[PDB]
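Engineer: Spelled out from the first residue to the last, the chains are:
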Amino acid sequence: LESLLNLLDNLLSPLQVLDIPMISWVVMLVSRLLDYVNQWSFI
Amino acid sequence: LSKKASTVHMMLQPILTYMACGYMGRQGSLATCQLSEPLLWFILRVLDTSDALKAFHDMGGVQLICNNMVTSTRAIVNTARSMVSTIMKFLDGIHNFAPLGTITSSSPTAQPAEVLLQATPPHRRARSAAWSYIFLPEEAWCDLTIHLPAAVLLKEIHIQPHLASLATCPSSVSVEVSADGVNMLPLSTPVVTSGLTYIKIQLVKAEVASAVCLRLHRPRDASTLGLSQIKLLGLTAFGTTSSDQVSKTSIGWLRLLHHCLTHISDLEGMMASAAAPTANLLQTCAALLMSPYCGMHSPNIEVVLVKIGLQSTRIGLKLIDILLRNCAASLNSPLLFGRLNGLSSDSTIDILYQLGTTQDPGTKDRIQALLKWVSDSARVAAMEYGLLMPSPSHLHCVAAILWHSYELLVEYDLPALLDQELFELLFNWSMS
Amino acid sequence: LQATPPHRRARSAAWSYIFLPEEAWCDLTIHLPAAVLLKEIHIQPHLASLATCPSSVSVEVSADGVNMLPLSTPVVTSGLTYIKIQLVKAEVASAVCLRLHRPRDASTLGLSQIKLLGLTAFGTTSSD
Amino acid sequence: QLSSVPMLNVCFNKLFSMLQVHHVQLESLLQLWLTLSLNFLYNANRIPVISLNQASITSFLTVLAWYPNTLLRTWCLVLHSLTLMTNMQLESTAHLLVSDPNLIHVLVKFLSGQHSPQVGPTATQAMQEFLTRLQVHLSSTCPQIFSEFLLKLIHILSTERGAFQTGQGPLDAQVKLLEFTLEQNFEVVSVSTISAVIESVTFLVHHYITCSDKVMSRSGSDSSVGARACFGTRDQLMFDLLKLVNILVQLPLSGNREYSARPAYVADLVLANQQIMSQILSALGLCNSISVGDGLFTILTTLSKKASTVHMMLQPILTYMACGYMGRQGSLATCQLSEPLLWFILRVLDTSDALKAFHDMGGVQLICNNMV
Amino acid sequence: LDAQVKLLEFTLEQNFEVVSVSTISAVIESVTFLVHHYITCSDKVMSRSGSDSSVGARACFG
Amino acid sequence: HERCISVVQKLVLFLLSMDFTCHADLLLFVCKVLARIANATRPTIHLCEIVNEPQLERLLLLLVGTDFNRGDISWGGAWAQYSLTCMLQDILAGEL
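Residue numbers (PDB author numbering), protein chains in the order written: chain A, 2135 to 2150, 2162 to 2182, 2199 to 2204; chain B, 3043 to 3134, 3159 to 3309, 3321 to 3407, 3414 to 3466, 3483 to 3531; chain C, 3183 to 3309, 3321; chain D, 2632 to 2670, 2684 to 2734, 2746 to 2768, 2776 to 2894, 2914 to 2943, 2977 to 3003, 3030 to 3112; chain E, 2833 to 2894; chain F, 2325 to 2420.
These are computed hints drawn from the structure, not numbers from a lab. Fair warning: there could be bad hints in the mix.
To be verified - Each computed PhoX-like pair below joins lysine-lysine, with the alpha-carbon atoms no more than 25 Å apart:
#1 C:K3271 x C:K3221
#2 C:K3266 x D:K2876
#3 D:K3096 x D:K3045
#4 D:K2876 x C:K3297
#5 B:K3096 x B:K3046
#6 E:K2876 x B:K3271
#7 D:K2924 x D:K2814
#8 B:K3131 x B:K3221
#9 D:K2876 x C:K3221
#10 B:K3221 x B:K3271
#11 C:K3271 x C:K3297
#12 E:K2876 x B:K3266
#13 E:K2876 x B:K3221
#14 D:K2924 x D:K2764
#15 B:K3096 x B:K3045
#16 C:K3266 x C:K3221
#17 B:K3221 x B:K3266
#18 C:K3266 x C:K3297
#19 D:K2876 x C:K3271
#20 C:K3221 x C:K3297
#21 D:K2814 x D:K2764
#22 D:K2924 x D:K3045
#23 E:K2876 x D:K2764
#24 B:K3455 x B:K3395
Assemble the whole structure, with the sequences as input and the hints as a guide.
Structural biologist: Spelled out as structure tokens, the structure:
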């Protein structure tokens, strides 16, 4: 998760060009990992 | 009012005033007026004549609608499903979620109501109500709380009363919804349900709901309340159960701009001249072009883009750069970060072909720009995302432009643009 | 009008009215042989299918039997197994016009019985 | 390390200040503030995490006073938010709310209203919780303003063309308001408001009894007693209003007769009011053998018990007996008697002193002439 | 509501010649405000019987 | 937990940068990940560490602002509204 969040950090660095599809894949992976680690059950 | 207006200016002034303000006449950077398909249709009818369009232009209408396009595009997020929904689907009309829920009552003595949640309703002539509630003489309301496993976008609530004995149908129904499933909130005042064989409560605005509390009022002429089935219809955020664009998107402004540009050809030029200057207009129009259908078919957006890009050379070069190199906008400023640079579609290919092969003073420069994007791309290959990932369709479009302009006998020196250095660059690229 | 009501589980309404799609009210005028001091009006809806019960009832009374006069605004009757409209002040009535509103959730109005309860000026029926 | 509450307070005060210029939606703002300040089950005793300032509350009340599209969900959010604001540490927030006329305007809007006119148990309970929290927060410091606020609200609702008179608004919530008011202490309440509410309520109930409908249709389940029936729904509301009047007429008056005290009483002021007494007496005269007529009888009995002298009670009775319908005169015009009204008059004439005063005031001659 | 609708239907068949502009503008203003309030203040839920088939107020070109 | 603050701040910037070229479905997951990361750090990330006053104002105006919401039409749809509310609630609950 440290490395995945560093990757997301680097991908979002342009906000602070964005690769939105790559960001989407990374965000979905990070969400799946974090939820494995109730209000969000709708997702 | 438009027909009886003394002059078209009388009708246009209120319309332009409305378009120049936000909600309830508010101002603000990202505030823009509410459009609707009927209102857009009316505005188009008012702008149906050349005189009306001329007055609209003279009163700053074109600039107003283009600025509104850019601003509204900044102020909305696309609710059309994207690759995130595609990925959710890859990971495995409305849908009844009552069967998945658990139904309880605040009265300790109530009969279990799980039978109400069953997807299959009882026989229409079922002589005994599937579920019954006996009212104490001092009881006016009986409550049934259906908790769902997860929050859903609830759209309708169906309650089937015992059809054999309608005297036991609730006199009224008060629906409360809890998005978090803990804090119930009444949707509206109780719905009168006496005399109804079927109770369908449609939410005008779908609500996120993890719990639904139905408070059923004692029948007018019975001490027992008999129900057959309760359905909670709606959608999920994702999955199989997740099944006015002008009102919710910026597309209405683009439809207005297209009408201005195309409705009266003789005015096109003027309209284009009024529309070209506005900042980030081409980026916004390209973004709307590459977005999933939101109330405007691609050909009209392409016509708008082509007519703006062709009204002067500078804008044509900007449009070429937007399509090929950098489509992002040049907390209130437009961003348009959401799309990869240089992505190609039938629309972008057609726009680029028309820009390259349209004969006018700027054509050479446009071709020049196209060729530049080629060489730069090749150069980047020999070692900006639009350069790193040139669309094969866009390269083939440049090739077709060159071929057909050579076969069209253009009025500029096409061969001079195709120098040997570019040819060697392309040869090395292809051999790589 | 029959004094004996039908069986409470009678499966077919003793009387039915089919509403045209544009019809909101169906009227039934009961003329009496002579004027009576009307005190109550009982309407029995078809108990088996209460969806066909009128949604509301507007009672008009005519002492002379010619000029009907509404007693009050329509009484809401949907969801009622029995419709008892009591006149607080008994009225001389030789005719009673019941205007029954189309049911909320049905195109047919089913009734079992109508009683016009009251007294006569004289005779056996003349019982602060 | 740093708390986010100050920043949220700044942002939410800015948002509430944005309501008037229509830059913020009231419903979503209230929902968001409720969600973020409840820390998740709502409870009327919760102190919000996010504290709004006086300007925010004043703007909220102003917007609500003019807010045209206040649906029931909006009203429930409003009531819950007002409750939690009363629980805020700002002068207490409850004092600011009750001292603000916009609060009366807002509660009048709420109580003034195919859907049932009711608001349902949840909205009614939210209104009760809000009023209870106002009462609790003002009890130990200044409950007279809360009682005055309740009486002013009931007066506005009872005045001609008000919610009560026109049969408008949620009946369940109105009855709940009356039930709540009947449990309050009305000491040190100005006599002007007390007399205003008594006058409006007596006029309302007299109109209710005289304007009764010609037909009567109840379901077999319904077994209530008609308003015009003594010694045994809008009837419940009218009866609760009469109960409130009964409570009010018993209040001792202050030394200067301008506020309820804490040996004169509001009953003396009511008896000295000829219009109020005429309305009450004619209303009871339109009754027949607890209901609305029972409420009128109770009020009249209380007035007789609290009258400073038997003459105070006898004068309105004799005035009523000396005139016909609506105070008319004429040879054959005589006042309307009823079994409840006759019973009350007999109770007033139960003592030797009362009978002596009745004789001294021409009562015997009046009743004999009336009989003829 | 029945009597109000009947009144409006009757009024729609009348001739409004030589009517003062003050009253005309007053009625237009009040009616436009009323209808705007009606459309903006629409209820959150919608419950109709199966018999009912009317078109919602916020629906055009039916 | 400084790198976590960095990534959460950039996620908030991403939320604030979403326009019609971005999509609500991604926004739901961005909000969920923001909330989860904020609540996963030992010294839970507070809302004040993530946003500044203008950023928080814009975030809340996405939920309640009339330039982003038009009554029945809400910014990003009902799901986006719910996700933003849940994310804010989660961050504050972790703080409190």
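Engineer: Would you mind marking each hint as holding or not holding in the structure?
Structural biologist: Structure-based check of each hint:
| no. | hint | result |
| --- | --- | --- |
| 1 | C:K3271 x C:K3221 | holds, 7 Å |
| 2 | C:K3266 x D:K2876 | holds, 14 Å |
| 3 | D:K3096 x D:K3045 | holds, 17 Å |
| 4 | D:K2876 x C:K3297 | holds, 19 Å |
| 5 | B:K3096 x B:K3046 | holds, 19 Å |
| 6 | E:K2876 x B:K3271 | holds, 7 Å |
| 7 | D:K2924 x D:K2814 | holds, 16 Å |
| 8 | B:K3131 x B:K3221 | holds, 22 Å |
| 9 | D:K2876 x C:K3221 | holds, 11 Å |
| 10 | B:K3221 x B:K3271 | holds, 7 Å |
| 11 | C:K3271 x C:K3297 | holds, 18 Å |
| 12 | E:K2876 x B:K3266 | holds, 14 Å |
| 13 | E:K2876 x B:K3221 | holds, 11 Å |
| 14 | D:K2924 x D:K2764 | holds, 24 Å |
| 15 | B:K3096 x B:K3045 | holds, 17 Å |
| 16 | C:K3266 x C:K3221 | holds, 10 Å |
| 17 | B:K3221 x B:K3266 | holds, 10 Å |
| 18 | C:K3266 x C:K3297 | holds, 9 Å |
| 19 | D:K2876 x C:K3271 | holds, 7 Å |
| 20 | C:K3221 x C:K3297 | holds, 11 Å |
| 21 | D:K2814 x D:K2764 | holds, 14 Å |
| 22 | D:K2924 x D:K3045 | holds, 16 Å |
| 23 | E:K2876 x D:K2764 | holds, 18 Å |
| 24 | B:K3455 x B:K3395 | holds, 13 Å |
Checked against the numbered hints given earlier, the structure satisfies every one of them.
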